[PDB]
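I'd like to ask you about the structure that follows.
Yeah, one chain of the complex is gone here, protein chain that is, but the others are all in their spots.
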Amino acid sequence: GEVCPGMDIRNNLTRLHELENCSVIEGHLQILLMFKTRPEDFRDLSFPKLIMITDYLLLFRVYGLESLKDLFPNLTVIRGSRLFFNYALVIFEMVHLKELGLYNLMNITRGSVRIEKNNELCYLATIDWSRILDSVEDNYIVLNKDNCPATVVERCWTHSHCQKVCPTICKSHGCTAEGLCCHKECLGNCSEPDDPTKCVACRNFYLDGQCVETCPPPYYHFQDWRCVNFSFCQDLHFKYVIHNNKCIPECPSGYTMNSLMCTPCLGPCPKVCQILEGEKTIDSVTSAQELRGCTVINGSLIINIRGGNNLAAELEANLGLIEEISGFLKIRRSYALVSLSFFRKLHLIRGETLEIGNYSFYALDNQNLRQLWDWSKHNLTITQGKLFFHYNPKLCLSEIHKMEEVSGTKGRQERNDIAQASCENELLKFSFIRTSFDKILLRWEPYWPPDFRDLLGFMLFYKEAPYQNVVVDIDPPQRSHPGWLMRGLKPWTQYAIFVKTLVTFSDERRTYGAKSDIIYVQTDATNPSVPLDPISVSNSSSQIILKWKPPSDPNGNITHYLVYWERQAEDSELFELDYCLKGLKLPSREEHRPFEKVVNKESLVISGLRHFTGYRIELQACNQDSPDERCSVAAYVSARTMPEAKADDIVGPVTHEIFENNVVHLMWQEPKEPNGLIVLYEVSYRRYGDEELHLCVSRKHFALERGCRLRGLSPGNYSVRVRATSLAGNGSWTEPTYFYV
Amino acid sequence: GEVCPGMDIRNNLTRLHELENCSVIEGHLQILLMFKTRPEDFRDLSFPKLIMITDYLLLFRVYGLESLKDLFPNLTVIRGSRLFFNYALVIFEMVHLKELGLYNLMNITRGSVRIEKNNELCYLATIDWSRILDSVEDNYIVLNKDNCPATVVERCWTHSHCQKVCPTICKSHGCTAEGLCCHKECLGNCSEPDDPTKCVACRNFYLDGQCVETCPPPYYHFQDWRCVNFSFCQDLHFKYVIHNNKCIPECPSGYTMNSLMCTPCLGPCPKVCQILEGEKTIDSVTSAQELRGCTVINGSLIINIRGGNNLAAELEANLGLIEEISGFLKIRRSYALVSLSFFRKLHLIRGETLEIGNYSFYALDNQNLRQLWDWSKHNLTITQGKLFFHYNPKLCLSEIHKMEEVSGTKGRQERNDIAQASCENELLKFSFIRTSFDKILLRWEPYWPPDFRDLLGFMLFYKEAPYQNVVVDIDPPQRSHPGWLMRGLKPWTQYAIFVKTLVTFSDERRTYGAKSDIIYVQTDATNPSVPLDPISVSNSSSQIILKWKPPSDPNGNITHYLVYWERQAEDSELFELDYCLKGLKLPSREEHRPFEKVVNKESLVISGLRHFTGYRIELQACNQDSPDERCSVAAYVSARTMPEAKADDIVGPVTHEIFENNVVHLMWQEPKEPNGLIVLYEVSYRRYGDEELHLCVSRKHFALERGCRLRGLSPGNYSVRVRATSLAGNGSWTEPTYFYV
Amino acid sequence: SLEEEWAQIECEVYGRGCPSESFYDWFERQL
Partner (left out) sequence: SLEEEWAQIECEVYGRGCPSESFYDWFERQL
């Protein structure tokens, strides 16, 4: 059959007759707005040749129609390549339709079904769309009048046609009247089962009367449903491109037209933007937004923005991507515009279209246009046309001569082509520069115009310039070298400074004055900022890891970090307090000092530290090493080493002395190297046949009694065990001393 | 004698001969730079008539002179009204002088003496300046060759003249050869003692050949040394004023010339500032600084500032104080100038001097001058001359017509006198305004020029205007009422809003567009800020005074302060902890709640509170009363009442029970209403012939034993006293319970 | 509130678009 594009048939049924020879519609078919059609107009109107619709089918306001079983008897597959609001089948407001009648449709590859507001429409609840569409949750079929196989009730569409159901083994390939599955590449149905050439539709692609899963080279996929040779795509190109074996109408993003395959071309994609009759005036942000991404322009550009606000950033973002101009360039009546520097990629002007009077560049009524381009690094090329310069006081003959030399149009301009203003032709130099950590002194040679009265002072412009890719009034000097001093500069910062003189535009030839060159001056360094966030962790018994963040203000190139540490002595009150009573809630935690220089590092490790010993780590940053290091103030952090697990164990033989009156004197050797200090000693003694009894020996008690002295002890065999209580926790009980009294 | 002004004699000695008839110099006398004079020129050169010098005497580079005993024999008083660097006598670099010789000087009323670098000068250490000057600490007499009364060494000046010393009783009035004191009004000396008419000089003032302490009316003091009539001062005025009976050359600050006494005239003092040949051009801040305080100008003003920076504040501060202009006014080539509004007091232009061509007001080359004056409240008067308006695009015919109508020069201007620009002649209105606490919606009727393409959008200007004494781009509407919304407005703030349309200046008659009127819109109020700094003090036992500061953000008119209070319960652990052991360090410190509304007040008083009871005072501010008060979040402060001084005293009869085995059971009644709670009870018991013994009863002990139970008590007579220890401190001991066992 | 009204007027006079021309809207586009 013949392949045809999509139609939008309305008003009259004559345009429908073009479907008589179409078997596949490469597009969408819409049928709408017939208020005169009657059922007598549709009795023998049929299009059995049509089978598959690529995009979608739409029916709207169709009067006189009652069923599609005659109009579209053999319509089988709706690919749904392009969807009408995610619908491949739209049946809206059918006043006279009584049934769908489409007894050959079996699969809708993409899209949903919307059947709404169709009065008199029946045989809808008997349609099983689940076997047609992979997902039917999006189907919107509401507000209607609503032998054959039965699915979860019988499925039917007409009084004579049942709903065909193929076996699950056949999948979506279809089945014949006998139920045998079609070919794996068959879609819809098959005149002969298991035959790719006999498929009424192709599941993946159609080529040479056959159904294939892909288009072999050199054939490329077309409309995601067929395969076409390169010749057809090329013919379509001349009133289409090739990319990934697809004859897509246009290349994707990031690709350029390589004379017929798309080729990557980085960001800037060479494209020919065709202007309406080759003429367009830019006056607003939205006007320039239409030129987004353009690189080659097939027309002339006229620039006239009647604004008043600095919109240079937006213009540079939108424009500046064009490299060649076919036509002429005109600039006129630009008030807010100050320069043409935002024309980033503007290099060549072909000038095929010229302004009247043989002009390629036109300039008029420029009230603020002082500079054209950075001719030191920007190059401009002009092919044809003459330059125009008139009524532009802000632009003087120096810039005009520079641009004429750059373009190469020296012997191309005649008379009258070229006719408060910063046009300092003369040059100034700086005589003496002195720098401080925050103060800068500048000195330049004095300048005197022929009429010294025209001089009205100087303008100094300063700004912080980290990169070299680039408002103070100074009184006129009295009638040697004028100078200035500034103090508001951050240390270790680069500032761009240029001085502009102030001259009076007299009635005669005004002395244009002298401009000083831009210079970059770096402020002197000083003491850096404090390194905050100091964390010191005892990752081991005697190992301390210290981490910190670099200071907020480097104030120069940081050379190193100066670290000090000092043993932190515990409170003396702990050596005199008694804890044997109730309330045993134990709180658990110039001179030269050992110093470290952390160089090219952000962490430090400290070893050889006593267990459970506090330390006051002091941190400073220094941006200087040999000459009297400039270091910030001290940053203090407390670090405590983890105590030993054995320092709390009592060692030494426990000695006991028995008096005549059953008085026991207990001598024990304390762990002379404890976990900081021992608050008290815990003793648990128990006679045979009795219960354990607890006792506490304080530091004062241990010092005065050299241990313990129990009095009034009953006869029997005792057991003596002593536990040393330190800050790290309870220690280990002594060996059981057994004595009989 | 005759009175003469000051002289500055130099080069030649001829000009000295004018001193022959001068007895009093009303000024200073300087004698300098004679390189030809010789001692033979001064042998009989004398001026005995001269007596007193008002300001000072100066001698410099006087060659040939050796002594002043002949030149100035009778010079007696140096008043020092005007001092040469605080010196009334300067004797600098006398090469040939050998002695001062001024044997008649006796008092220097004001100033010091400087005698430096005078070689060959002797008889200096013998001069006593203390009797001459009140203070001689400022005398600078360095680097020189250096019968008679003796003062702390004899005082002399020449080989024949002694230093006259008057008795202390004579003070500075002088004394004759007999030592008798002169008259009380005499100064210097007196031919006849005690005679005001015979004084060689007047201490206070001189009048009619007599010395007086003040000038009686109508005579006024002149030069602080004499008295003159009003006729003399008036004659001096016509090539002087009267103020406080003083013929001062000029009136003091804050006074005006009342046609001949100075009269107060508030700040603006009417003064005639005479311009050099009646012409002056203002182009700089220092140029305008010369016109500070001027009110009436006798000349013409030309204004042309070739600057580029907004210096309107400085110009308004300096200028704007002038009310009348005798000459013409010209404005030309003003770039940075935007308006003439800073001419605060400029009302009348006399126009006596006119620009060539019969022009009083000239205007030319005004590149930014958009407005002249606020003609709604500012009035301008032009007497003569014609207006000029040319090459001023920023000023249009509307302002010109307004100023012509205001001045009253309608029928005074001929042809050619009057010839990107904000000149919106048409008016706009706002259609709908909606306000929120931080958001404002504006709506105005659409505007369409005859050429809608010329419209390029709208400009909205907003600023916070607390007083009515007074930058957003809006896209053009599509081809009903355009509107805008803003959200960055503080609550309860007034903002001034006016919308300006954007139109294109076409080649033909440009449509000037329409401007919208300024409006003031106040943002809606909201919940105010938190009232910080809450201080609550128990000024009494049950009185709490609460003070706070108003919230930082009122967010409306604050209606009242909402205050809540709640009893703060103490920690329960204090009711279970035992404190009888060592370590007696005592730490000393929906629902409806009682609320208060502080209205028109910043402090609150709370009564009826239990002693030593904590309270959590909650404070909020509300700018609303009836309709669902908008109150800020709670601010919490802790207040503790001062405890009672008697609640810690134990009351009730102390009971004791004696057992058979000398066991004592003590029952006491605790102060059921204590200062918060009682931590423990302190008991001190002492038998006769023994020492006091201490005991503690804890809360647990008191609860379990219902008091105390002492065991093992020796026979004798005991004394029982119990003290209750509360948070407020130690209580009062119980009555001494005496029992014999 | 003010946000919804501002959005409504923005779509009414500036045509940024609170409504997107939908399945329904295309039909009265044809009428």
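To keep things simple, chains are lettered A, B and C as they appear, and every chain counts its residues starting from 1.
Here is the rule we use: a contact is a pair of C-beta atoms (placed from the backbone, for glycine too) under 8 Å apart; a residue touches a chain by one contact, two chains touch by 3 or more.
Engineer: Using the touch definition given at the top, which of the shown chains does the missing chain touch?
Structural biologist: A, B
Engineer: In the full complex, which of A:347, A:394, A:412 or A:439 touches the chain missing from this view?
Structural biologist: Hidden-chain contact among the options goes to A:439.
Engineer: Taking the full complex into account, find the residue in B:4, B:16, B:33 or B:586 that is in contact with the omitted chain.
Structural biologist: B:33
Engineer: Among A:20, A:290, A:475 or A:690, which one touches the chain that has been omitted from the display?
Structural biologist: In the full complex, the listed residue that touches the missing chain is A:475.
Engineer: Thinking of the whole complex, not just what is shown, which of B:42, B:72 or B:87 touches the missing chain?
Structural biologist: Spelled out, the listed residue whose C-beta touches the missing chain is B:87.
Engineer: Consider the whole complex, including the chain that is not shown, and state which of A:142, A:472 or A:485 touches that chain.
Structural biologist: A:485
Engineer: What residue numbers in chain A mark contact with the hidden partner chain?
Structural biologist: Counting over the whole complex, chain A touches the hidden chain at residues 434, 436, 439, 441, 443, 475, 477-478, 480-483, 485.
Engineer: Quickly run down the residues of chain B that touch the omitted chain.
Structural biologist: 10, 32-33, 60, 84-85, 87, 90, 92-93, 114
In this section, only the chains that are shown with their structure count from here on.
Engineer: When contacts are scored as defined above, which chain pair ends up with more C-beta pairs, A-C or B-C?
Structural biologist: Spelling it out, more C-beta pairs touch across B-C than across the other pair.
Engineer: What whole-Å value do you get for the distance between chain A and chain C if each is reduced to the mean of its CA atoms?
Structural biologist: Computed value for the inter-centroid distance: 31 Å.
Engineer: Scan chain B for residues touching two or more other chains and write them down.
Structural biologist: 475
Engineer: Where in chain C do residues touch two or more other chains at once?
Structural biologist: Correct list: empty.
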